[PDB]
Each structure stands twice: as C-alpha cells, then as structure tokens.
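For this depiction, one protein chain was excluded, whereas all remaining protein chains were kept in their positions.
The first chain written gets the first letter, and so on, giving A, B, C and D; residue counts start at 1 in each chain.
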Amino acid sequence: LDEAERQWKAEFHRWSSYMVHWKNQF
Amino acid sequence: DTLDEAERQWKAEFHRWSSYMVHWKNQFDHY
Amino acid sequence: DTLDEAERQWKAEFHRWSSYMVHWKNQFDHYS
Amino acid sequence: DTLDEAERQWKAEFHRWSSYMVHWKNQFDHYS
Partner (left out) sequence: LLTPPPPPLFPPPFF
C-alpha cells in the first residue's frame, strides 16, 4: 500500500504544480 | 475482502486521471 | 467499526470525485 | 500504536485533501 500511497503523495505534488502554473497564466 | 476491494478500485482510477493530467498538460503548453 | 465509517466517508468523497471528473472532462473536450 | 498513528495521519491527510477538492471545485465553477 505504502508504495502506491508514496507514488500518490508524488502525483498530488505534480497536480499542485499544475495548478500553480494555471492560476499564474490566469 | 472489502479492504482489498477499496484498494483495488482506488488503483483502478489512476490511469484515467493521469491521462487527463497529461492531456491537459499538453494543451496547456501549446497555449 | 471506526474503519467502516471512514470507509464510508471515503466512498462519499470518491463519488463526488468521479462527478468532478465527468464534468471536468466534458468541459475540457468542448474547449478543444 | 502504529495503527492509531495511521488512523491519525489518514484522517488528517483526507480532510486536507477534501479541502483542495473544495478549493478546486471553486476555481473550476468560476472558470466556466
């Protein structure tokens, strides 16, 4: 479970940055 | 086992998500 | 069971998440 | 226990996630 919930913690990060880069150009 | 099902279902939803994630990224770059 | 209950809250948020995905992909396909 | 600890950390991360959900829903509805 951890590994899958470790990759997740990392995907959330990636998502977070996509939003940061979104609100920016907007 | 319910607990095993939840984990399974949870993992199953990742492909689509990552795919929307990647498709949005691309479209984002162009624009 | 305290886990069951949490399992319930998760399911609830899971359902709301699928909805966010349906509306989101639609709006998205329309913009392209 | 490690489980009480697991319970704690999950509830905390869940709720924190549920809050990015609300915040994202908000930004999403406004965009439209």
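Assume a contact is a pair of C-beta atoms (placed from the backbone, for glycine too) under 8 Å apart; a residue touches a chain by one contact, two chains touch by 3 or more.
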Residue ranges of chain B at the interface with the undisplayed chain: 3, 6-7, 9-10, 13-14, 17, 20-21, 24-25, 27-28, 31
Interface residues of chain D (partner: the chain not displayed): 3, 6-7, 10, 13-14, 17-18, 20-21, 24-25, 27-28, 31-32
Footprint left on chain A by the chain that the document does not show: 1, 4-5, 8, 11-12, 15-16, 18-19, 22, 25-26
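Simple rule for what comes next: only the chains that are shown with their structure count from here on.
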Centre distance in Å when chain A and chain C are each reduced to the mean of their C-alpha atoms: 17
Where chain B touches two or more other chains, by residue: 24
Residues of chain D defined as touching chain C within the complex: 7, 10-11, 14, 18, 21, 24-25, 28, 32
Residues of chain B defined as touching chain C within the complex: 2-3, 6, 9, 16-17, 20, 23-24, 27
